[PDB]
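Coming up is one lone chain in structure tokens, specifically the form deposited in one PDB entry.
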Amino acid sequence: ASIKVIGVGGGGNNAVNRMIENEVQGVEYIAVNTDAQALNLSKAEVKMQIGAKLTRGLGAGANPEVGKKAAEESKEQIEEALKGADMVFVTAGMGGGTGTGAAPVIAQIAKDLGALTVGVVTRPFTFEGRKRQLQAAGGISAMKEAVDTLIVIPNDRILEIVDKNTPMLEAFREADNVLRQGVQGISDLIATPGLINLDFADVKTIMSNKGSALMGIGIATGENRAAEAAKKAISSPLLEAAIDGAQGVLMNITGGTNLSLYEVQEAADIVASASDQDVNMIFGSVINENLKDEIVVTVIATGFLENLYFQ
């Protein structure tokens, strides 16, 4: 019901701006940062500088311990901002100071206020280096303890989706779009008009597994678009483990006014077929009138036990 999306650090702030630009419905936005200049580029109504005394508005120096202390020092302000939320999406890039350190604090605060708490985070590109990778892993570990479900987006896999000539700036931009998709894929089903909506209880079920979660996105146009987009979503490089490993599955199929119930069910069947016979699966559909013939299928698959996929 009351849904808040809280963007923590640069990548999270970008995901929040993308949602606002795209007029995503039914949610309140909160932008959090230690970097006051980055925060002043936010489009969010609620802009929350944390660590003012500690960081002086200059960011966390890529130190997760500073992001953490900043969040701890602004605990009261965060609690007030999230008060009464039924669901909170805590969205952040991992590997820096602010996202890595503050997001897990914010997540535990959201849990403590009684919110269904969903983390949506990116693992940094390998090109960012080993220190970024290691810090990110620390953050992902803390986030996993602090949320109900943690959706982890591997940025390296984005480089498998986009053109090989994609510039680095656009690669980051695409990462932040995938973050936005991880949030909107779920929130739209609860908040926005479609052929099939889900209530909080429905979502709440699959979003309360242990392990971690992954997402896949598929886009298609043309007569066989529903089957094609559904297969693309489950075959997505973002979905690093096959969906038959998942304990729960949510499917969102979004399209224009020419998307039919038959297409929704056909896509759902394909996803169900690739899943465990005992999966808990839910699905919905929403209409975006700016789509003509394009449809977008987002699968969120939860309950992957990390130990099963250890290299």
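Heads up, when I say rigid core I mean the largest set of C-alphas that superpose within 1.5 Å between the two forms. Positions refer to the first chain, counted from 1. What changes on going to the form deposited in another entry:
Comparing C-alpha positions between these two forms after a rigid core fit, one residue in 196, 241, 113, 171 moves 2 angstroms or more. It is 196.
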Given for the second form:
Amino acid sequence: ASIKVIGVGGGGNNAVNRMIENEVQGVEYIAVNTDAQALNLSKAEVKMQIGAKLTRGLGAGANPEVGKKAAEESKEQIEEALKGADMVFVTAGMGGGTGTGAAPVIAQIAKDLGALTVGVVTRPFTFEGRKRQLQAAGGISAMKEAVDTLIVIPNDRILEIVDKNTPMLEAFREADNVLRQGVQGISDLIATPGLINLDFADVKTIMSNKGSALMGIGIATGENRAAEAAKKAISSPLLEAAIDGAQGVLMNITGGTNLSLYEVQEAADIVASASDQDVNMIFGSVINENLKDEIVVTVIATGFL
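Having seen the form deposited in one PDB entry, the form deposited in another entry:
Coming up is the bare chain, nothing alongside it.
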């Protein structure tokens, strides 16, 4: 009922902006940064500057230690901001200083408060350099110890979706959109009750912080949309392990008012047919009025180990 989405650092805050612009509902947004300048470009209602004393508003200069200590300096404000949350999503681009360093601290505060804590983060593009990869790896494992589930999106695979024409700025806008889809694929099923009844217990069921969780997305229009989006999702480049490896699978099929009973059934059956015979699978369905002839299928795969 109290669902919070908390973006951390530049990348995460940009993802929270795409979410606000697509009027994702049912969630309270919070933006967190060590950089005061960037913070004021956030559209989130609550804007939290962390590590005022340590960084004086100037960012964490690409050092995860500073991001971590910034979030520790602001320990009590993060607690106040999150009090009463049943569920907390923590988004960030891993690789820099504030995301990598602060996101784990914020995730741990949320778990400690009893929130169901899901992380949704990206691993950086290979073109960003070995040092960004290293820093990111470090924060990804830190995050896994601090969340109930960590969804990890490998940015390189985004380049296998958008065309090879795409320059950096547009590539990163796509990353904001994958991050949004990872949060929203889950939050939409739980923010409001759908036509398929789907509760917290159902969602707790697919939660594992043992191994990075992975997501697949598929989008289609036209008369064969259900099967095409289901099939694309199970074949998403973002889904680096095959879906049959997963012990847990959440599936979100979203569509417009013409989303049909047979499509739901078809998409659910495709995804279940690709999955392990003993998978624990929870399916949800939501109507998005703004979609017209397009459907979206998201799968979150967990418990690969």
